[PDB]
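In the block that follows, a single chain appears as structure tokens, in the form deposited without the ligand.
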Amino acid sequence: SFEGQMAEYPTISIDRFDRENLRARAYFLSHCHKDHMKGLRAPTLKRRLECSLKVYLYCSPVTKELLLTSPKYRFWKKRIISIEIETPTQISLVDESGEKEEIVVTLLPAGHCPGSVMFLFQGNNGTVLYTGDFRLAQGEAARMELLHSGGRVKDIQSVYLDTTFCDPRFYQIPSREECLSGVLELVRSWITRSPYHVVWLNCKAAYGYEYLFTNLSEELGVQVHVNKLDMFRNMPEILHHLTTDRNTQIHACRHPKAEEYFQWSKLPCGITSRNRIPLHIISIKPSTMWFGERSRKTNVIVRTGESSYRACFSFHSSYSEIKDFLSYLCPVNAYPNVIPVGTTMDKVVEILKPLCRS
């Protein structure tokens, strides 16, 4: 995985805050996932911030809001600067010991989770793009006007990108909309049977399922049960689709023994009945599904039991989407941020090399 520094601008650190990143002139956070926050509240970083006072953390407005709902990251409050989306922003990078560098940064939406962005950096050592984690459908990058200069793509020296599914096996993944529609109709078909029919959405403990919860809630007139919603206190379009009350037909609550509970007709939050009538529960597990280059799309819903389902859902681009994105960017260099499970860095680097100028 990416270790925080791009070769072209080593004085900035993105999505990694330990080790060599303790000497950054500026920090950037693409989104609030733990794997991109390593060292972000380490005592050594706090120590370092107390002496170096012109060092800031930059992120999207939503990332700022989410980060600071955690008590443990509140110390960042005085040093966090949000940057508006697709608003090129001049940043000064001071050597605390004479040097001054200026860069321009533009935040582009990444489609990965609330607040998730890509960072385009422009300065006197070339233009580089750090994608963070992204899921962009074919055509979306071409519509981003700030990736372009006079009708063609900007000259991009290096792209540091999300290669989670950068393997030909993961050729195509169903779109966001297809995934949502499949889950929507499954839930609708169940919870309209009676008030005692309920769904458990078995989700990972991470941001990124909120557009699923909001659309289910908006379309079906039901709030989704969650463990904690205080991070969305100041986010009305998300907040009002969620609830901490157990008395609802859609649940996205969690705990360590949640899957055992479901096998005994119990939701994670412990509700098993209403008016002493047993709830009729189905489980739906958002899970990445894909199809090969020479294959056809199949159902986004996969039944795994009498009462259990998997539902296509992806946080990251498919291989065909990565290739399309990088082909379009046509950078000099492309560096993988992520080595997939059963592959190597050489395999990934060489997959992408044909799309690059060097």
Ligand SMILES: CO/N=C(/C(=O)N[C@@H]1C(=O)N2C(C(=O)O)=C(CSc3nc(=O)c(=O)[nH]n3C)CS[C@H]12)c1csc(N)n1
The other form holds:
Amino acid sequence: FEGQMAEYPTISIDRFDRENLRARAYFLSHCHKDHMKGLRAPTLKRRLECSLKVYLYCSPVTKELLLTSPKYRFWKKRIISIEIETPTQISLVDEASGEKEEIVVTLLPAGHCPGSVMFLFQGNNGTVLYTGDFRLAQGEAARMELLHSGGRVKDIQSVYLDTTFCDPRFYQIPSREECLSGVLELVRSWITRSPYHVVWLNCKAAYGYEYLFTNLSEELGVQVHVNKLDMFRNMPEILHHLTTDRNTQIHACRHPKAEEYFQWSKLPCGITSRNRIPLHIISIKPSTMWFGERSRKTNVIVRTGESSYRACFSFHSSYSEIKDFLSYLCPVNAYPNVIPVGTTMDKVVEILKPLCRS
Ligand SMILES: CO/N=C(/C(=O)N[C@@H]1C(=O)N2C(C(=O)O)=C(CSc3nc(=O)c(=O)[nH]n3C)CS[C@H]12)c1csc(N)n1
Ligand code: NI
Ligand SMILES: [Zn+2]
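Show the other one: the form deposited with the ligand bound, since we just had the form deposited without the ligand.
The next block holds the full complex; its first chain is the one shown before.
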């Protein structure tokens, strides 16, 4: 996926370079780097300065997060949030020939990271859904009222969908709740032993772990150490569960060579003792795990060393979830947004084919 859906080529979503430089309107599903290619390129800025009626649309949270970065503040005058599950009419003007197109857009929650949404577009060339990145459990799409008309799913011409784990190997992934419970109980069994027992959550430098931090903090009464928390300045229910102070039993700090540090009983922020008593440190790396069709779930926690663990965590839907979602949507066409590492377009397209009307 390179930004443009065939049905509405004058809009660009999650890609801002190359052909997307002529967009009549821009959309951002969420603040992950690989969906923000070109979003602050000079050539785009140049183009915004001679095209005054071009806006960027996203969720309220996405607006807030994007605008906390100094490098995207230039968007301030041109960003419009759209409320979640609130169908909103948008006008797309031709800068030169003066053509006018109207589209109605509805934001649906994607379950991927703070601010993450799917965009349902309705207009005079059919209904389309761009999912962005999503993780939706079975039944979640069936509950989304604005995907339906008169008790049946809307007629959807094309779905542009997150196919990150769209291969039958990734058949099942433990739920959000199961992942959280496993991590909670591992952390609780360690940090309640003494004040000197500490956990390092080894996380990627990306939004989407806040669900985990918030819940661990709420349940355990401990704030989580992070490198930077200023992006949540106006998000109290996230902010108050994080800290920049090193004196805490849960850390999600980050440092360029941080797994070497852990192999010498140092956390990334450098704290190794308190009252000259060494901290007893375990590492927990949230990581995607999956089970095949014919298997049962195994433990969300995998022990990798005396003091090291992997914990199930997924930003994206399983293959069974993708199939259930698309089966339910029953669009005419389905377009993979991404080719999983070990497969091809043809295999992914052909996996999806039987779930579509043409
Ligand atoms: C290499 O180190 N790996 C992991 C780990 O477990 N990674 C998982 C793996 O193999 N994954 C897959 C995928 O298949 O690409 C991905 C999908 S790639 C992607 N996801 C987005 O949401 C997005 O917006 N853009 N992009 C490009 C997620 S990580 C996961 C890790 C976890 S924590 C930590 N410190 N390292
Ligand atoms: Ni993402
Ligand atoms: Zn730390």
